[PDB]
Amino acid sequence: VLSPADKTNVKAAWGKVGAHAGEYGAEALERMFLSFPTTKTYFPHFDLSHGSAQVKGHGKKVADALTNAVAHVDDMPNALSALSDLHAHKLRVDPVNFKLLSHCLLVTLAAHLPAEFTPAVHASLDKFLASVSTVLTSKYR
Amino acid sequence: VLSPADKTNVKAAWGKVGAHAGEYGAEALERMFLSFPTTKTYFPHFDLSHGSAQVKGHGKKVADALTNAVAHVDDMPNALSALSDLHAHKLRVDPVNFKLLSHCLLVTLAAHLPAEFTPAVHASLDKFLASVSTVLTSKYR
Amino acid sequence: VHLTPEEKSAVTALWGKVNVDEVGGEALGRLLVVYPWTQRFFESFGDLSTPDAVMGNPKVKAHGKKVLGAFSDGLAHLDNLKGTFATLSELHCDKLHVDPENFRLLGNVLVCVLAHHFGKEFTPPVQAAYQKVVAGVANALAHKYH
Amino acid sequence: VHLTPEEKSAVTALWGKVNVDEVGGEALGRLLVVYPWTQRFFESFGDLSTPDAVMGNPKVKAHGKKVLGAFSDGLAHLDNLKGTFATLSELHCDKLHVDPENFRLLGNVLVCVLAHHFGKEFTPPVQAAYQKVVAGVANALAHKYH
Ligand code: HEM
Ligand code: HEM
Ligand code: HEM
Ligand code: HEM
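Chains as they are written, first to last, in PDB author numbering: chain A, 1 to 141; chain A', 1 to 141; chain B, 1 to 146; chain B', 1 to 146. A prime marks a further copy of an entry chain.
It is possible that part of the hints are untrue.
Derived CB-CB ranges, DEER-like [claimed, not checked]: (1) B':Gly119 with A:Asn68: 23 to 29 Å; (2) A':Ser81 with B':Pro125: 44 to 50 Å; (3) B:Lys59 with A':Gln54: 47 to 53 Å.
If you are wondering where the hints come from, they were derived from the structure by calculation, not from laboratory data.
Note that beta-carbon positions come from the ideal geometry of N, C-alpha and C, so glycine has one too.
Work out the full structure, taking the sequences as your base and the hints as a guide.
Structure (structure tokens):
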């Protein structure tokens, strides 16, 4: 679903993020790899060390994809079609892993947006990241 | 998603079920209550004993709802809008419980459809029941 | 997983009847087919593109049978599934890095396969006892994550 | 949950700084708000219709603080979270019938609240050590299901 108030929330909060979004992405990935070692399995070719240019570079790709979804929040399945195929059909990513990354993203946003991470925006943001994950696993369903 | 082959599968298999669907529903509920006692929490006013006319009666309601979804498999969110509201917004049903009921439904269908529960139809049926659960929790998202 | 005498009664009467050369291969093929992310751990086995590719894969039937062997051990050892599963848990967690949620899924497709094979014999009470065994094996396996 | 000396170091330096009268109430309000099915266990507490209803509920802050008390106990007792949680597990499983998945969720919103409060202090390594504690508490609590 995602109500009108959620859409406002997510847009405001991505707004605050602004030109840091890729930096927050690479931090989120780093949070996931350390916390949930099972996710590493999917990144055998990456170096996952603290300074990895690979983690940095991928963190931007993720941030851009989420930015595209915010921008196209009323037609996400289309916006994200390609990524759906890549993730569900090509890489076969275990869906449980989308919860873990959304969780690490929420933590990063809390670490960075003291004022804007209210309970209400937290709920919206969660609802937004579960919608993204439904679309990216939706080839499975 | 649900491909064209899935739609054919689910329709064929619901077809075999035919006039037993409500009976399979009440069995499925009985399977869930015994196996997953935590789900009982939501049915304090029911008698959950083997012969409960309440379980029988509710098993038909569930079977009818799933029948409506099969019949309207390309426009499920609408078909199921009302039930969405009831389940996500009124009863606040924990979403994990939709996996448990879908699992008990699959078991019942395997118990009853020796020939038609192939691997392929099993996959379809799973995909169909997760789509139903996405729609019934979608007020949450 | 404690299991009352009537549950172990239910669990045990069925398990003895279970075609052990077969049922294992059915659970695993069905795992790969219904939950295709799991295929990533089995790409060695070769051609898994269709369901018929999968069920007729001789490596699928051979591994399913190993797996079933391990269940029979847990059935043999309910009072210490932990001790019983130490080396497997070590394997699946440390070495392979399998998400424990997939242990739950494997158990649940095993219950479907048993239902499929035993029909009405596989009543709701018998299922409920099997959901306990299944969960306890999934838990012993995840022990090393714990 | 073993925890290396540097992890217990990370976990322990933060935990001491944690406003214990507050953080508990923030985790629980956020649980109710973000995952509203959980509200069904708390309908006694009264008005939970809006997020501001929830955060300003004096019963929410009072129960959050009990909850935080229990975490401090697990922190105190990593080497026997089981023993430590027996009566609570009994409570949440047997009596209340809470799905253990909601233990995981409570732990994860606690990690968000800690991130929210500590900002950059709450680095990825510190999070990773906290995800271990959180998971082990969730597991001890589910023990009675097990
Ligand atoms: C929030 C949902 C996620 C989004 C926004 C997302 C987005 C992306 C993007 C934009 C790419 C690049 C695709 C391309 O242009 O070719 C990518 C690749 C990939 N993603 Fe995701 N991803 C997400 C979740 C996941 C998760 C949960 C995993 C695994 C734990 C994962 C595993 C992969 C793999 C391994 C690739 C290929 C890596 C490579 O070869 O460079 N993704 N992801
Ligand atoms: C496969 C998805 C499900 C479908 C098809 C479904 C369908 C139904 C239907 C048709 C009703 C009657 C609504 C009305 O006409 O007023 C109902 C009611 C209800 N359902 Fe579901 N349900 C499903 C899943 C769940 C689950 C997983 C739970 C809980 C474990 C649940 C809990 C409830 C409750 C408690 C009510 C009200 C019971 C009463 O007061 O009679 N449902 N369900
Ligand atoms: C919960 C039930 C499971 C049981 C009882 C179990 C049991 C077994 C057994 C007995 C073996 C043979 C090990 C040996 O040769 O000694 C094995 C290996 C393996 N299983 Fe599992 N397993 C389970 C679930 C899973 C799941 C869900 C996956 C992931 C989809 C997985 C992936 C594998 C792989 C990759 C191996 C081969 C390891 C290697 O050769 O290095 N297993 N398992
Ligand atoms: C995993 C972390 C959790 C911890 C550490 C925990 C801890 C506690 C504590 C200390 C109490 C107070 C008990 C007493 O008065 O002695 C309690 C009670 C309660 N908790 Fe939890 N709990 C957890 C999760 C949850 C979850 C997710 C729910 C469901 C949404 C839940 C529902 C309740 C309820 C209903 C009570 C009151 C029981 C009664 O008064 O009979 N708890 N919990």
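For the range 47 to 53 Å, tell me whether the beta carbons of B:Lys59 and A':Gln54 fit it or not. Because 48 Å falls inside the window, the suggested range holds.
Note whether the CB distance of A':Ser81 and B':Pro125 lies within 44 to 50 Å or breaks it. Holds, since A':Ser81 and B':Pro125 (Cβ atoms, about 46 Å apart) stay within the stated range.
Supplied distance hint 23 to 29 Å, evaluated on CB atoms of B':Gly119 and A:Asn68: holds, 28 Å
Consistency note: the structure conflicts with none of the earlier hints.
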